[PDB]
Amino acid sequence: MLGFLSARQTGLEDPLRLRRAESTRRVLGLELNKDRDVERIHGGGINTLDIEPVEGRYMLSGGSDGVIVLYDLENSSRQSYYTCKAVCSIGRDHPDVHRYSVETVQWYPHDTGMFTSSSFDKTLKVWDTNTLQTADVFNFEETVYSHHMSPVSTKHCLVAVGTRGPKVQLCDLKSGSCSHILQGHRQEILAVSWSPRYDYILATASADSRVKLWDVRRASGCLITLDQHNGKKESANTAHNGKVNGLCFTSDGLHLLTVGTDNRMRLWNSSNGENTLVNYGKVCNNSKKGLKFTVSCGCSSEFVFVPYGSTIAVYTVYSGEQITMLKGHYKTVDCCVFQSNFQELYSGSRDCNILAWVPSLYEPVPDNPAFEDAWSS
Amino acid sequence: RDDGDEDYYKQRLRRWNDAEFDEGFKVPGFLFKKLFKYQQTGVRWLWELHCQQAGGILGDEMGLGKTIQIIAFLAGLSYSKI
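For the protein sequence lines, the chains are D and V, in the order given.
Heads up: the first sequence runs through residues 1 to 233, 238 to 371, 382 to 391, numbered per full-length UniProt numbering.
Heads up: the second sequence runs through residues 453 to 469, 490 to 554, numbered per full-length UniProt numbering.
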């Protein structure tokens with residue numbers, strides 16, 4: 001610690017070294033709400049979370065009852081153990097409320113004045129953050145399992161939505177569109193995620209055990225249908245061995261992470277599509293819906309936090325070793341988000357509470383009355 | 453007659469015997505001067521469809537010249553050897 005500081009002011013080590021080292025140390029020291037608490041307004045289980053792309057201050061949340069609650073995640077008070085209050089909530093009284101369970105929500109990249117929520121009521125809604133009303137409503141024939149917006153594209157505002165139908169739907173915020181549709185899948189599309197490196201590259205995961213790398217501009221099918229055993233190469241080339249219900253690109257976009265109900269997790273090269281043969285052990289996954297997970301950014305070695313039953317598992321992205329299990333929840337956890345600036349984690353589960361995982365090893369120095387054994391003598 | 457006959461084609465050959493775009497694409501200069509301004513736009517628009525690997529409908533109502541814009545893009549593609 002001190003050696004990292006001294007090596008910084010002296011100039012032996014580049015200043016990024018201490019930051020990456022201290023960042024990865026915070027992730028390893030993650031523990032429950034030592035100085036935090038999330039205000040509970042979700043009557044049902046919480047399905048999704050998203051931190052704003054800029055300034056990472058307000059966090060959306062979508063419950064199983066349809067209410068969507070926008071949160072505040074910094075200590076406006078002097079005292080510690082602050083409670084993460086909710087600036088606003090779109091509840092039952094709202095005229096434009098999701099009648100049924102809202103599956104995933106997302107902040108629009110490049111500004112915080114608009115956010116999109118998609119529910120099981122077969123609709124994707126565009127919202128105005130300031131006025132808390134809608135601007136565009138996109139109805140769909142089948143239920144909606146996921147939707148993603150490109151976090152890096154500046155030439156378009158396409159939102160990719162995967163429905164229970166076997167064919168991807170590409171809606172454009174600019175104009176209405178809602179007609180561009182990608183064919184090549186066979187069953188329910190449980191996860192869609194754009195590539196942070198390439199603007200027009202999209203990954204779609206569906207129940208036919210196939211993940212396809214698409215190019216939206218491309219007018220002829222898919223580019224790569226990822227296979228498991230890297231044979232010579238569709239109605240074949242199964243990406244997993246069951247139902248692929250997860251998708252998370254790495255920080256730089258060079259590799260793809262997928263989770264299926266085969267209790268297996270795989271890391272895939274983004275360009276060619278060959279799997280990198282990182283085994284990850286057994287990753288428990290019985291979810292029949294979209295499973296949301298995240299990957300750490302700005303650390304020495306990237307981490308991946310994937311829901312694991314009633315716990316969250318932390319793995320090294322490339323090494324594939326199990327770091328620790330964050331046993332905090334009582335029901336199954338379905339969404340986890342990562343606060344890049346502060347190396348904190350927020351977990352939404354089905355016990356109707358968002359848990360905050362904050363780095364430990366910083367404690368007040370006294371001059382603990384509860385920390386003693388009471389054994390008789 | 454068409455070039456279906458090899459002998460005929462060879463006979464014709466014996467008888468017979490530069491703007492750049494963003495991605496890198498050059499057209500024969502001796503042909504670009506023979507078209508009009510709108511035909512240049514169609515050639516650029518057609519090559520714009522080449523970058524995205526998507527098709528297109530060229531709906532210029534008759535008399536504007538449909539063959540030339542296809543040929544100029546086709547000839548330019550052969551010249552550039554992309």
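Just so you know, the hints here were simulated from the structure itself, not pulled from any lab data.
We put the beta carbon where it would ideally sit given N, CA and C, even for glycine.
Be aware that a few hints might be false.
Stated by the list, open to error - Per label pair, the in silico range of CB-to-CB distance: (1) V:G496 <-> D:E31: 51 to 57 Å; (2) D:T112 <-> V:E492: 57 to 63 Å; (3) V:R453 <-> D:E141: 36 to 42 Å; (4) V:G496 <-> D:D111: 51 to 57 Å; (5) V:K538 <-> D:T112: 29 to 35 Å; (6) V:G496 <-> D:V87: 31 to 37 Å; (7) D:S179 <-> V:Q512: 54 to 60 Å; (8) V:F502 <-> D:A219: 17 to 23 Å.
Said to hold, decoys possible - Below 30 Å or equal to it, Euclidean Cα-Cα: the simulated DSSO-like pairs (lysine-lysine) are: (9) D:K155 <-> V:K553; (10) D:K293 <-> D:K122; (11) V:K498 <-> D:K155; (12) V:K462 <-> V:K505; (13) V:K498 <-> V:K509; (14) V:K462 <-> D:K155; (15) D:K233 <-> V:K553.
Said to hold, decoys possible - Residues from chain V that face chain D, not an exhaustive set, calculated with beta carbons under 7 Å: (16) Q524; (17) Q525; (18) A526; (19) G527.
Results of checking the hints against the structure:
no.	hint	in the structure
1	V:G496 <-> D:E31: 51 to 57 Å	54 Å, holds
2	D:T112 <-> V:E492: 57 to 63 Å	41 Å, violated
3	V:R453 <-> D:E141: 36 to 42 Å	55 Å, violated
4	V:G496 <-> D:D111: 51 to 57 Å	35 Å, violated
5	V:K538 <-> D:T112: 29 to 35 Å	49 Å, violated
6	V:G496 <-> D:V87: 31 to 37 Å	50 Å, violated
7	D:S179 <-> V:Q512: 54 to 60 Å	31 Å, violated
8	V:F502 <-> D:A219: 17 to 23 Å	32 Å, violated
9	D:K155 <-> V:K553	29 Å, holds
10	D:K293 <-> D:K122	14 Å, holds
11	V:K498 <-> D:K155	25 Å, holds
12	V:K462 <-> V:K505	29 Å, holds
13	V:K498 <-> V:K509	17 Å, holds
14	V:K462 <-> D:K155	49 Å, violated
15	D:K233 <-> V:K553	28 Å, holds
16	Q524	4 Å, holds
17	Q525	5 Å, holds
18	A526	4 Å, holds
19	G527	6 Å, holds
The earlier numbered hints that this structure contradicts are 2, 3, 4, 5, 6, 7, 8, 14.
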